[PDB]
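Presented below is the structure to which this report refers.
Only a portion of the chains appears, each positioned as in the full assembly.
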């Protein structure tokens, strides 16, 4: 319906301008004589930029070796996190940790940070010990005992950092940090370490007679 | 009204400049003699870029096979999630899970991650068991019993990961994870598994005599 409107308006204006009035002079204006092939050729290479970008980065990642097949990857700027299964010239395929596929233009990789935890040395452990303002006295001996517990712990890479320190206050909690690594990289082993650690911690706290700290409040009634 | 203003100002300036004063010299400045067809031709191919991009990516997805018809898709960077019903040269049509249609320029796909859970191997299960700080003693035996329960569970792909581990503390809760897959991909079967699982879990907890953990607080009165 609307192209009828466009064509009818153009046909109306032209036929009226050339029947009511009629052109004494002659204009040489050809809608189709314009040889300017050049325009579409020009337009070819511009139009296809994502694909062109993909082949370049595919080549480079075929030479540059950020990651390899079967390596756990993550990105900190995009939700791109799994294991490589394949490369392509333009895009790769990842199995997510949902055992699901992920198809990805590689041109993305050119301007984005990239991480390979499957290349890493070790895994990390951190926690925060919510302790009560009541328990302020015993903090140093708790921490020190705690540091010793980790230092006598086998699964740790003692040559990596080991930090046990009351770093900050908080709302109704006195938060001691933890920062320890494992000389393993096996997820399950790391978690077993984490578990036994937390348990030994709790043993230590409750052995010192102090207690952890929920959120807390102070009320005035009426 | 305003084109009257523009045209009147131009006509005023010109007619005044050419009647009050009048040009002794002669300037050859033609508003219409400029042959530069070239400009509009140039402008053609630039103006139509989204459409041009759509045809290219349509061709490529006709060759490249990220997804196929009738496959559940999702994206992690856009709310694009349903089942394909059709392809076009430029855009496709998805039925959402609202049984609603979705029309989409394919040029988008060129620079965006893509997922095909309908191609996947399996489905996933995870949970977090909110346990009370009181219940710290029984955690290992609970977990181990729990691990055994899953390992004796039929619907699981035991060859896929099976992680039951106290991964973190929290506000008033001791959170044990769960990470288990199903050798099925049928949504309803997966959910039935999930249901029976949760029930067996609860049985296990309350059989151990411990209890789950709501949010909790500690109050000081006046």
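Here are a few things to note about the model shown:
A and B label the chains in the order they appear, each numbered from 1.
Criterion: contacts are C-beta pairs under 8 Å (C-beta built on N, C-alpha and C of every residue); 3 or more make two chains touch, one makes a residue touch a chain.
Number of identical chains making up the complete complex in this structure, 2 of which are shown: 7.
To be clear about the criterion, only the chains that are shown with their structure count from here on.
Between chain A and chain B the centroid-to-centroid distance comes to 13 Å (mean Cα coordinates, whole Å). Across the complex, chain B is touched by residues 34, 36, 39-40, 42-43, 46-48, 50-51, 78-80, 90-91, 96-105, 107-108, 127-128, 130, 172, 187-188, 191-192, 194-195, 198-199, 202, 206, 212-221 of chain A. On the side of chain B, the complex with chain A involves touching residues 37-38, 41-42, 44-46, 49, 52-53, 56-57, 60, 64, 66, 76-77, 110-117, 119-124, 133, 136, 139-140, 143, 160-161, 163, 165-169, 171-172, 181, 216-222.
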